[PDB]
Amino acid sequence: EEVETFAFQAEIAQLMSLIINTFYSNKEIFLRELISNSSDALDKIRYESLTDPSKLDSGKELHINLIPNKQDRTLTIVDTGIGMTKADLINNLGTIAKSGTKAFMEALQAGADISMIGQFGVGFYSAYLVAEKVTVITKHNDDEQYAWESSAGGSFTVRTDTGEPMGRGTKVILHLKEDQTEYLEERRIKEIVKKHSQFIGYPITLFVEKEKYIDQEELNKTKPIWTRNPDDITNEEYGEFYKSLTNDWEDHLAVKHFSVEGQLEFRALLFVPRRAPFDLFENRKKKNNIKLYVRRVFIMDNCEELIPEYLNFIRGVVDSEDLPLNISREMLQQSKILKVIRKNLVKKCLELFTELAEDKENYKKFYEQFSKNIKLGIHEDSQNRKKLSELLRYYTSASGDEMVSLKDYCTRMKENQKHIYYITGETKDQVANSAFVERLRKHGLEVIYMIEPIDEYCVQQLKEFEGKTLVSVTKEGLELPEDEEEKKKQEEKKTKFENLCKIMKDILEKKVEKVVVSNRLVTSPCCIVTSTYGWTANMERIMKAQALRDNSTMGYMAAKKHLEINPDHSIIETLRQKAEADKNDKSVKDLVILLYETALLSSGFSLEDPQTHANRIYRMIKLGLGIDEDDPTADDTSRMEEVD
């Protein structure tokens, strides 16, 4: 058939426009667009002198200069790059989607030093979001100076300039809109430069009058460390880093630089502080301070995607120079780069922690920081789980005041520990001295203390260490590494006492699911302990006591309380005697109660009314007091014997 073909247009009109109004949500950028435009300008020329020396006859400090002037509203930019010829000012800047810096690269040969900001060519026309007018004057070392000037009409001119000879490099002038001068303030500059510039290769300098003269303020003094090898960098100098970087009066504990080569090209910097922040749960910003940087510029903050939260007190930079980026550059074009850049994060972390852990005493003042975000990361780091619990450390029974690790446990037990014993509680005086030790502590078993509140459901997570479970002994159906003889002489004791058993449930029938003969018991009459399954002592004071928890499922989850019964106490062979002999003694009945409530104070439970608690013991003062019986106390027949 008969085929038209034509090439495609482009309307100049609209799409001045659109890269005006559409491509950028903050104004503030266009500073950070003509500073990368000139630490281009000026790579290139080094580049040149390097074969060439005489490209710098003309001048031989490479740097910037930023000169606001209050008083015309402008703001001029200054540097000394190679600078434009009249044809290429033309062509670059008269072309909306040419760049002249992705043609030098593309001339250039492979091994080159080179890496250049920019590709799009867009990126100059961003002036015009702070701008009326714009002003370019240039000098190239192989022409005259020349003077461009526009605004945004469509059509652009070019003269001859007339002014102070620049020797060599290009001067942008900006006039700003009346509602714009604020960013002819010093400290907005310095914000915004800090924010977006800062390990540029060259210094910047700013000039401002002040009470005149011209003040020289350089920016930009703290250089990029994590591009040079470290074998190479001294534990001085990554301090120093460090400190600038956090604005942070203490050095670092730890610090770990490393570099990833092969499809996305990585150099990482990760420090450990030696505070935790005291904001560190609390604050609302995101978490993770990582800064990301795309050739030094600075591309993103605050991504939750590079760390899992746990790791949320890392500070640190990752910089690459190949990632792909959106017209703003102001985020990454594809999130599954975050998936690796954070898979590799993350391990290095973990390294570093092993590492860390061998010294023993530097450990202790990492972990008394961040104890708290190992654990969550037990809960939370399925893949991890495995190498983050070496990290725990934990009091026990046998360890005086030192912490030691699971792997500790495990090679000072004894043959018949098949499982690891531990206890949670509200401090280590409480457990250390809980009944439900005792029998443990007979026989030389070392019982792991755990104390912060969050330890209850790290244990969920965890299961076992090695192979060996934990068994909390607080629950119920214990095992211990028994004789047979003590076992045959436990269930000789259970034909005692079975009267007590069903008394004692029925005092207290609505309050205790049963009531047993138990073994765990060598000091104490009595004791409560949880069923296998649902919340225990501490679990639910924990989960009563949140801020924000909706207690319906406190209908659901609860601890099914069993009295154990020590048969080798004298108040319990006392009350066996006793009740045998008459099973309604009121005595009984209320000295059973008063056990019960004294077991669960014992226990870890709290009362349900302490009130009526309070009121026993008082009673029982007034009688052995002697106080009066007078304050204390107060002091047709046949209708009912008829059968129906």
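What we label the rigid core is the largest C-alpha set whose atoms superpose within 1.5 Å from one form to the other. Residue numbers count along the first chain shown, from 1. First, how it differs from the form deposited in another entry.
Only one of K27, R619, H63, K60 has its Cα shifted by 2 Å or more between these two forms after fitting on the core, and that residue is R619.
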Second form
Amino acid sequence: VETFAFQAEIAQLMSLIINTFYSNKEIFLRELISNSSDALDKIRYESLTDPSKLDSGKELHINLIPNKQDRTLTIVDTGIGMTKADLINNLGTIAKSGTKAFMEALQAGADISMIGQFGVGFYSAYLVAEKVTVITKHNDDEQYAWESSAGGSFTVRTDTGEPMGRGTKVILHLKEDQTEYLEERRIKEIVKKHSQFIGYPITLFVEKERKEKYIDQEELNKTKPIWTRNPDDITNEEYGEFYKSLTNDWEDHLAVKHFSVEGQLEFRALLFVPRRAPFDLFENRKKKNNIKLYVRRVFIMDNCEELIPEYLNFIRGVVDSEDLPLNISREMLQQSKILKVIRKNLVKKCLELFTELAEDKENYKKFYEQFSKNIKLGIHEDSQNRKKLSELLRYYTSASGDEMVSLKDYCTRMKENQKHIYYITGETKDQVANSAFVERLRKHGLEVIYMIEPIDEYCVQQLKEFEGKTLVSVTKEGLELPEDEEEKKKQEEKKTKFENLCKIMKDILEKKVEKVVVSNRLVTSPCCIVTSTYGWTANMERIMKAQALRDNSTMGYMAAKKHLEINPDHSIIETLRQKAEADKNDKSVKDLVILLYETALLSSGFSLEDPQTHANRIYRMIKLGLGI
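Compare with the form deposited in one PDB entry: the form deposited in another entry:
A lone chain is what you will see next.
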């Protein structure tokens, strides 16, 4: 048996790092700004126990210096620097991190946290660089230039140029096709996207004025990661300046949750409810999430639909963590089971935010006026939080004076005989409130919920019960009102004396209805069309008939069976009985019964199978009324 060390083919290993690790070239600037932020963290930490470490310079900062004339982008920091042996080790050895080897030397009380750990990110400079020169100056050694074009070798020499005092200065000589990184708009885009929360001022040096000889954009990160602070110490003004800076919004936030999760995962988050819903919130199918994931204040990913459910897509926010597993690119998270545990905690703390917001009625009105769809889509899609979300619902009702109430307020007003929450669904608040279905409910003073968005129909299908009270549509067959035995006897007499009329009307309305029945739910309307229980309501039927990308095959059986509910106390219906019991086949009964059915279809909120055959009935009645 012979034992061998593993080797590496350095020529092809460098080719992997340049050609295969990173899916976008722009990241080179976040890797070199991360290395500067680590070099600044190393000297900041070394200075805490020995102030003489800063005698060579006190101002810890980053400078980006695009030079369009030399096709060069220089990245300067006043960080720890590298001795000759640190250049030869840490820039000369692939997969060796001087950041890891420093971090692992420290005691557990150290308040430092550094972005680097793989020992590869410097090489990402060769995504854009034709050649890299790293000028450097540590406190304990001379100034050196390290220099390479990644040709399997690098050179080190004592630097005879301008004396740095202390720092590092990564000069990227850019490839001719990569001079876009020298445009100040480009650098601003890349630094804002990847690096706006790096703990040190990233100054950009731009141009001569038309005079400033070299205009500073004073900082590219003129903002602080406030989420790392204790949430008791931050006022709502400080959260508002951060919300505006994170989002570029001119308006404030409505509500904020700031929290930390601790365990196997440790993370912090800011979740903001924006003042107003984005005008494109559900039309913008591309921007699926408004949560950004950070690790050690460097951006990882945002538009990952695994971070929050699609109904929370309006929450603008930041999630940040010290120790998540990163892909070698650092452009994504490595373990998908972590997103599930983030998502569980984000959703739990969002629903805490909304129930803490619901205590403050005037702010809850401003919220629900714009995010009603999101709560209702949450009840449609989130079976776990459905209970918690049901207490966030707000609806108009027959007892509520152009104002919205919670299901707990409905249940507070429920009469002692009610075992059900009565709701109606429709097109407008007037169209439901005036409807035939609520006529006896309001006569008893039984309260009815008005549902009037299309999303209410997708919601209420999952909202089957609240606090042990079953939600029942007032537009479905066999509606049980809390009637007395004297009323039940009158209903059995009414079903008795109209039994023949229902058979006669079902002969005239054959195939147009499943049945014709005498009803407890009417007072002033002569009839209305309800549906059977097990299918689409008239409102769900109109809604599904308007979804462009739904397969028509489901509409052919989910469309519920129509029942015509007669009002036995109506003067039309009592006269119609006296005609129908005189002659079953009177043409004036045939005309009356079908005109009542078509008027009931409209009153009930269906469409007609042909509006013109109906209009021709009204135009005949108008001719007869005009004497034509």
